[PDB]
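Heads up, the chain below is alone and in the form deposited without N,N-dimethylpyridin-4-amine; it's given as structure tokens.
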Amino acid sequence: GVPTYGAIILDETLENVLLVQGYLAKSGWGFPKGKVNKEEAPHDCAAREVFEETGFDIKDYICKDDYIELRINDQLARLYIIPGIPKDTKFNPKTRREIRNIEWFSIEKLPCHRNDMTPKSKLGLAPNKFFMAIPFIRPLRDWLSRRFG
């Protein structure tokens, strides 16, 4: 796939993260991110996608070596970690045609896996509105413990 770049924005307490909710196939909650354009650098793509989806500009805050990157089904998604953004920041997407809503969520309350259906003796996973965020949650928590104690 084309790589995607974006951000994990945290508040001043490091307790909350900013998620966005899209439409249709993207109808659940996920970190702001999107596909890189031809010849666009990773940090520029992350700032662009984040400003398109949240109206907040991360460019002055990106730290080149501070990110979580996952390869999911042969596509790479890298999210730059952006701590310390106040909880009272006004966030507004570019177009409501793409983003339904933008909210802070408690990190300790977010799931880091979907639940099975072993109660129903059925294979697979139960739906979860955080499905797009979930893969990053445990790596984030581990990253925060390592890089803040």
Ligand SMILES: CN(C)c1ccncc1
Contents of the next structure:
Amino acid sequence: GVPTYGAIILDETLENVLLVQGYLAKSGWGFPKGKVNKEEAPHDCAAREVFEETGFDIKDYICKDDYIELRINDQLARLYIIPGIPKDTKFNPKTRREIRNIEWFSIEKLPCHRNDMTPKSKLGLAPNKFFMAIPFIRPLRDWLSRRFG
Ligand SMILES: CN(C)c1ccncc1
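What's the form solved in complex with N,N-dimethylpyridin-4-amine like, now that we've got the form deposited without N,N-dimethylpyridin-4-amine?
The next block holds the full complex; its first chain is the one shown before.
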């Protein structure tokens, strides 16, 4: 699969993260991100996708070595970490044909796994509207501990 790039944006207290909600197959909440174009650099893809989905320009804030990268089913996703963005920033997507809503979420209240269905003696996982964000949550909490305290 083609690699994806985007951002984990936090506010000034470091408590809250910015998620976006799409439609249809992307109907839950996730970090803003998308597919890299031919010959496009990673930092430039991350700024472009984030500006298309939120209207906020990260280009002056990106730090090259401050990101979390995961490989999921053989596709690579890298999210640059962007702290200290004020909670009263006004966000607006380019087209609301792609993005339903944009909200701040408390980091400590978000799940870092889905729940099983062992009460039903049934295999698999229950649905969760944060399914796209979940894989990054534990690594993010660990990264904030190591780099802030
Ligand atoms: C600023 N903010 C939280 C939003 C703006 C645009 N769409 C939804 C929410």
